[PDB]
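Only one chain is shown below, in structure tokens, and it's the form solved without N-(2-hydroxyphenyl)acetamide (9KS).
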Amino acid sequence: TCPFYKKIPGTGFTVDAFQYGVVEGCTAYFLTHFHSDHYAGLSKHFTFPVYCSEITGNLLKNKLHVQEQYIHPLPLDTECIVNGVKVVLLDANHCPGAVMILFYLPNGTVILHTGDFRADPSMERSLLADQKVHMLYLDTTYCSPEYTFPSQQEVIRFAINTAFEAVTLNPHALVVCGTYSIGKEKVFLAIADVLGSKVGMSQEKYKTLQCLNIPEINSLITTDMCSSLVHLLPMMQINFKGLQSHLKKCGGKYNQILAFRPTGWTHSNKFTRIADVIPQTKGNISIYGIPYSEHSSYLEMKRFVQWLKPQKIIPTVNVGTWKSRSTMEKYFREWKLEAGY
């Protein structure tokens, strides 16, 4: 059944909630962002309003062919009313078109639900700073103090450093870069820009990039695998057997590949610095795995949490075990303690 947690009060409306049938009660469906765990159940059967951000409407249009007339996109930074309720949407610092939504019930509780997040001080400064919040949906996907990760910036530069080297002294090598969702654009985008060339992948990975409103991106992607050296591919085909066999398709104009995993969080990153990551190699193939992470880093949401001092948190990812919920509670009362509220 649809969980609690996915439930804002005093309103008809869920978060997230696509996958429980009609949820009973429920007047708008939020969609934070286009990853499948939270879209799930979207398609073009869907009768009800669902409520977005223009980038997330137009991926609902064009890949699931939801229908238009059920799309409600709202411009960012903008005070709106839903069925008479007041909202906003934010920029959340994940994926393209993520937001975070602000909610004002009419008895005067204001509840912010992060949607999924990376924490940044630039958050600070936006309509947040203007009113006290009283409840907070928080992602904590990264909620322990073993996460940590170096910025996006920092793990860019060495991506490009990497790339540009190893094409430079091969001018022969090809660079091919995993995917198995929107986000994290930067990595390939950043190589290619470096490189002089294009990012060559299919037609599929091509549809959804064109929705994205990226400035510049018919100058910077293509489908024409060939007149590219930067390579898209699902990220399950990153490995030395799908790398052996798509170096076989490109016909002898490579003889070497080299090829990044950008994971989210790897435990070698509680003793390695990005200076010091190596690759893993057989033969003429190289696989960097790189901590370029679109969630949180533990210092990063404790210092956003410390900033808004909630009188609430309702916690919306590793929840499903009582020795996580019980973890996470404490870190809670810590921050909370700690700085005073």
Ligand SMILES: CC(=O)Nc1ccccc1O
Given for the second form:
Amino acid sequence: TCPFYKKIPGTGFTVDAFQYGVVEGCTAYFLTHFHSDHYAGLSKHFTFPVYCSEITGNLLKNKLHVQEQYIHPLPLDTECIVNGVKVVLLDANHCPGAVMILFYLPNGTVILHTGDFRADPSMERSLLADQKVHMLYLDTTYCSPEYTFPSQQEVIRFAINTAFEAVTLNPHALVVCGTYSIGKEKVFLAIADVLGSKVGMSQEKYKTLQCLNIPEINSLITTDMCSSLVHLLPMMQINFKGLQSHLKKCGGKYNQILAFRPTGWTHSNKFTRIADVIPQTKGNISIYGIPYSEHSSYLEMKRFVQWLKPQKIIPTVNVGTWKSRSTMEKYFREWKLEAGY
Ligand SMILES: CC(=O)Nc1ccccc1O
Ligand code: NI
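Would you mind generating the form solved in complex with N-(2-hydroxyphenyl)acetamide (9KS) now that we have the form solved without N-(2-hydroxyphenyl)acetamide (9KS)?
Complete assembly follows, chain above in first position.
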């Protein structure tokens, strides 16, 4: 059965609710982004209207094989009427195609659903600037002050500089980057750009990237592994065994691997700085874990919410334990009381 925090009251709408069968009363199913925990249940035999971004629509059609008649793409930053209700989609600063949804209810209530997002000050000058928001459905992934990590720009600077140094010292080094979903494409794109190379990958991953409306994409990626000195592999293969195996397949072209595992937050963030990060090394293989986040830090989340000043907050992540629920509710009260409300 579909939980309360995935339903929008006073409407026939649900958000990211595809794993519960036919939801009684739902006339339109919104999908915030193409990550598996959110699309769970969608498949080629789905027969209800799905509302989403153009990029998400491309992935539904080509990867999940949802029929074209049921896919309803909407432009960003544009007032649209859906089943008699005004809605707006806003960029979520998450993965490609990810959106937040503003719902203008018939009774005068205004609801913002963030989907998954990485809060940014630029959101303070979107269409959010105008009007009051009564209810906020919030991505609370990292809602605790221990969750710190650098800017995406800082992390990419580290990756580019590390890769360029290694390959300039040894022109026979291969660079490998792990992936298991869409998002974080800047990691491999920025490294390949500094090395003067296209990014090589499987047919399956190439298909996925071809759905994302990235400018000049044909100039940046390839299925010809031999032509490329930056390769993408499934995240599960980014370990000494998997990388040794991959090096064997390259036909004596390379004699060293430098690999990157983009993660979210890890406990090594509580001790180390990005500048001081070191790899795990065995022989001619080195692996860097880099903290490239597509979710808000605690401080980014706090700033956004204190600016928006919602009357009510409904968390959408870490909802399963009493301890998590109590901790989040305490921070929301601090933030409110502190802002002067
Ligand atoms: C806690 C709540 O419901 N809302 C709120 C309102 C103003 C500032 C911060 C806040 O968190
Ligand atoms: Ni996500």
